[PDB]
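Number of protein chains: 2
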Amino acid sequence: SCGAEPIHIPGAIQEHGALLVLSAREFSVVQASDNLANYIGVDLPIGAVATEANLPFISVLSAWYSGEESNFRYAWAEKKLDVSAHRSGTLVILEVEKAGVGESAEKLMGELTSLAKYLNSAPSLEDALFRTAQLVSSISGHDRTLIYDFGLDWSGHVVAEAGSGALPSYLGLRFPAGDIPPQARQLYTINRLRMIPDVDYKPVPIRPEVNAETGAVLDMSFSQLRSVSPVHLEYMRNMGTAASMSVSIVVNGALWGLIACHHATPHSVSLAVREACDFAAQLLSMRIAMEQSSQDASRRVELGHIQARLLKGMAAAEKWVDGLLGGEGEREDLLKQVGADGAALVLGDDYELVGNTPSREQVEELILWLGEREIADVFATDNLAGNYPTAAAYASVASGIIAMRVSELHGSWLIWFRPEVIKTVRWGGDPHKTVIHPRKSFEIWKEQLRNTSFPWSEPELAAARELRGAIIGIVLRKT
Amino acid sequence: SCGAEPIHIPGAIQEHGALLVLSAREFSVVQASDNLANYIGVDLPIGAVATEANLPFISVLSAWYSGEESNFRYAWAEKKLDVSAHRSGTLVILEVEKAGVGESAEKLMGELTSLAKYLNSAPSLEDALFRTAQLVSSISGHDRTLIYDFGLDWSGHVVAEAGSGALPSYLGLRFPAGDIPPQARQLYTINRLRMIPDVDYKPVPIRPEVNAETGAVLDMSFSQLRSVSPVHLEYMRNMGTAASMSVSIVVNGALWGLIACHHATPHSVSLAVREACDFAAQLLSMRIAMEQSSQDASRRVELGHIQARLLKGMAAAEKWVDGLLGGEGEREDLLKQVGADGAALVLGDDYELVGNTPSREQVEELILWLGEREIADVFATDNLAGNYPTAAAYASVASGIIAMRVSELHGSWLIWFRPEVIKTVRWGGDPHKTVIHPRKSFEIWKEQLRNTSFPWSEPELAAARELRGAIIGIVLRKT
Ligand SMILES: CCC1=C(C)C2=CC3=N/C(=C\c4[nH]c(/C=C5\NC(=O)C(C)=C5CC)c(C)c4CCC(=O)O)C(CCC(=O)O)=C3CCN2C1=O
Ligand SMILES: CCC1=C(C)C2=CC3=N/C(=C\c4[nH]c(/C=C5\NC(=O)C(C)=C5CC)c(C)c4CCC(=O)O)C(CCC(=O)O)=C3CCN2C1=O
Ligand SMILES: [Ca+2]
Ligand SMILES: [Ca+2]
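As they're listed, the protein sequences go chains E and W.
Going by the working numbering, the first sequence opens with residue 163, and the numbers climb by one from there.
Going by the working numbering, the second sequence opens with residue 163, and the numbers climb by one from there.
It is possible that part of the hints are untrue.
You can't tell identical chains apart in this list, so a pair holds if it fits in one copy or across any two.
Calculated pairs, DSSO-like style, for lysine-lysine (alpha carbon to alpha carbon, straight line, at most 30 Å) [what the hints assert, rightly or not]:
#1 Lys279 <-> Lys242
#2 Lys498 <-> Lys481
#3 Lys242 <-> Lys364
#4 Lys474 <-> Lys602
#5 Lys260 <-> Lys279
#6 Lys585 <-> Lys595
Quick caveat, the hints were computed from the structure, so don't treat them as lab data.
Use the sequences and the hints to build the structure in full.
Dropping the structure here:
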């Protein structure tokens with residue numbers, strides 16, 4: 163139900179600014195927020211053309227519209243206002259907000275240099291997360307400023323935090339995917355900054371509802387005043403947050419996480435600070451990408467060393483199998499190739515168990531089980547019990563596996579094993595709950611992670627797939 | 163001779179600031195530039211302790227000294243001065259410069275957002291070089307602002323340029339290594355920013371010459387006022403530049419290039435702008451690193467596809483050689499593995515020539531030549547004539563080679579070929595000249611690049627070394 167709600171066309175804004183829609187062609191007013199008259203101090207009804215009279219910035223706007231710069235910004239000093247417009251197809255969407263009480267742009271610039279210094283310093287990622295979380299908590303002045311890292315299921319967990327102490331510390335906690343639904347995650351991938359200064363605000367409509375130029379409702383994906391999904395506002399109430407301001411951390415065109423800010427009282431944030439909070443969220447995004455690409459390479463090369471040794475060992479050996487387990491050197495490498503505590507090489511009824519494997523009978527029952535599934539190339543799981551309950555009786559030694567068929571449906575198998583790792587995912591409220599209205603309970607929750615191994619990396623899987631290739635070629639050669 | 167000159171201990175500064183050295187222990191004056199009295203408006207002789215009287219910022223300095231932040235900055239409003247200190251072992255090195263006539267820090271911040279936008283946009287590297295070159299030429303206001311990219315010999319060439327037109331456009335030109343000597347390149351790796359506002363400045367000494375605390379001359383590696391090598395000042399004269407300001411572009415702890423600024427008249431630049439010019443030079447440094455790591459990976463994976471096909475073809479084939487050249491598919495792949503126009507597989511007197519190779523006799527004479535050299539693993543050159551003059555008579559088809567011995571000193575060879583590429587390295591003055599005093603002539607120069615191929619990439623060499631590994635293993639297996 164949640165996934166289906168269109169959050170980008172509320173036909174309404176928040177109370178803390180005004181909105182004016184006008185046509186590229188002649189800058190004629192097509193739509194407007196009802197409160198516009200309050201900020202602009204001018205009526206200009208639907209059909210009216212904007213002139214140097216009503217809008218003294220009309221000259222610099224017309225200029226910006228012909229240019230490439232994707233967003234407009236003007237300080238209406240005359241009226242103490244921060245103007246800002248963007249392009250939506252053939253439309254120009256003007257947003258007006260009260261300017262922030264003179265902040266040092268040098269101070270902003272400053273703390274945006276300590277990050278830029280600490281970032282290119284190339285220290286621990288955890289440090290960088292906190293050393294960004296902090297500067298944002300500094301320049302914003304919210305009661306709580308957490309960095310939030312999405313996992314692959316689209317749950318996330320808090321990996322850094324700053325805050326006065328006026329709001330509870332959520333550090334180290336999982337929240338479920340449904341808390342930031344798909345259409346929300348997507349919107350935040352392309353619009354990297356959002357603010358809700360008062361949660362109890364009264365939604366200001368846009369009239370007409372239907373833009374006369376396009377013929378549809380106004381698309382508000384890039385409207386920074388856009389009125390937020392009511393269902394989220396209840397969430398914020400249940401959490402005891404009057405204000406919030408989140409920034410998207412996008413790494414390689416995918417949403418990595420959020421810099422999320424919250425306040426116990428209502429809280430606003432100047433156009434400038436918002437623009438420095440995105441800068442910090444970008445600066446970090448660069449670091450993260452490099453940290454991730456450098457970690458992968460440095461693993462890929464590491465595993466590469468092992469595979470080059472095993473590849474040479476199998477070629478050099480007569481029976482070849484003793485290239486994989488001919489001595490302590492070969493056996494330890496087979497296990498290090500994928501970062502596994504044990505492995506089983508099965509050639510019909512010719513079983514070989516290296517390191518710490520389940521019993522010969524448990525592997526037999528497992529290979530028949532696999533055969534029943536449609537396993538092409540490799541099959542990898544860090545929780546075997548999920549699909550194979552029987553495995554729950556050797557989770558201690560084999561909670562995760564990487565399994566590969568070697569012979570064309572002739573019961574040949576190389577299977578790696580990884581023990582149970584007892585984790586306590588300390589959740590943030592009960593995740594499974596479905597009220598769907600959001601949950602009132604945010605009381606710290608705890609479930610034990612039973613019969614689940616430390617997870618397989620993409621390099622590990624890639625190293626395994628290459629070894630399959632290495633073997634198949636020789637097993638087809640010797641057959 | 164040039165390499166030997168110590169540029170980091172001139173015992174002197176430039177005219178446009180003052181310098182004060184004082185001891186960590188008690189902040190007692192140990193050294194001082196003779197002009198200090200002019201800026202500070204106080205004597206404080208050698209032995210004097212700094213107090214809230216002579217230095218009203220003494221309180222915030224003492225604070226900074228205990229902290230981690232590696233540099234100090236204070237606006238002496240009282241005296242219209244920009245103070246800045248750094249740590250040298252047990253010393254604190256204060257530099258004082260006149261503040262810049264009130265510049266918008268929001269304007270600076272601005273053009274440092276258009277770069278940050280255009281950078282994470284991930285467009286063409288050439289665009290990013292110009293779209294940084296420009297913003298620097300903007301915020302500095304020098305007559306010429308070139309980006310300079312070091313090659314592997316430590317020559318460089320101009321790859322972007324902005325400038326009013328008051329100074330000649332050097333775009334696309336090589337300058338020789340000796341123009342930025344080794345100790346200079348090294349210093350600029352660890353101190354990423356330098357300025358010379360007037361070239362004809364009168365060097366202000368530091369007394370005493372010998373710091374009484376350390377017992378040596380003052381080390382001025384991180385002094386932004388440090389007096390520059392006279393031999394460089396003559397260079398600037400011969401070039402017709404009264405001012406300059408260069409920023410180091412450091413990619414992965416190595417000096418990638420310089421953002422260089424020059425002025426026909428004397429030109430100064432505010433402490434702030436300098437700090438934004440480094441930010442731009444950093445922002446870019448991040449882009450470059452990613453561009454380079456993403457290009458490499460995307461080549462490594464590409465070549466990886468070919469090697470996986472050839473590896474499979476040799477394994478699948480009986481005589482195996484026809485895995486490398488059994489048909490158009492195998493032959494084209496052998497040549498695409500290294501990005502070569504031709505190759506020669508030589509197994510004793512069993513010659514095989516693919517694509518566009520020299521004559522069977524020219525390869526014979528080349529293999530004997532190689533045998534005379536000490537070639538372990540592979541030998542790669544993009545100019546064969548350099549070492550093998552005879553090759554100059556088949557440069558059209560083989561100006562560059564990658565050659566690998568396959569059989570243990572048993573005349574087995576896989577050699578790839580790359581044709582001559584007629585390039586005109588348009589130099590910037592005569593490079594070979596040695597006056598060593600610098601050259602007066604900066605008249606655009608031209609030498610033809612004869613008998614030299616498009617250069618081998620590290621991925622290409624890496625793909626070749628892996629194929630050697632693939633073959634040796636089978637040639638030792640079949641032998
Ligand atoms: C690390 C913990 C954490 C969480 C879990 C969290 C949640 C969060 N939800 C946000 C947005 C939305 N949630 C929802 C919906 C739900 N949230 C829920 O918890 C539930 C049950 C729903 C509906 C199924 C929607 C529609 C939206 C889009 C609002 C808009 O239209 O702008 C948003 C973005 C809006 C904001 O910045 O406050 C957040 C960010 C704040 N935040 C956190 O700091
Ligand atoms: C793209 C073209 C280009 C070049 C080739 C160039 C040269 C350049 N030389 C610089 C510095 C030095 N050259 C030299 C020495 C030489 N330069 C020469 O041309 C020659 C012949 C020498 C001595 C052998 C030295 C010692 C230094 C260190 C100065 C210091 O002590 O701070 C420096 C750094 C000083 C500066 O920023 O002006 C540069 C940068 C400026 N610049 C350019 O824009
Ligand atoms: Ca993640
Ligand atoms: Ca280069």
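Consistency of the hints with the structure:
no. : hint              : in the structure
1   : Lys279 <-> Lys242 : between (34 Å within a copy, 27 Å between copies)
2   : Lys498 <-> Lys481 : within (22 Å within a copy, 35 Å between copies)
3   : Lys242 <-> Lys364 : within (23 Å within a copy, 50 Å between copies)
4   : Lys474 <-> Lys602 : neither (61 Å within a copy, 60 Å between copies)
5   : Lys260 <-> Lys279 : between (32 Å within a copy, 25 Å between copies)
6   : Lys585 <-> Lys595 : within (21 Å within a copy, 70 Å between copies)
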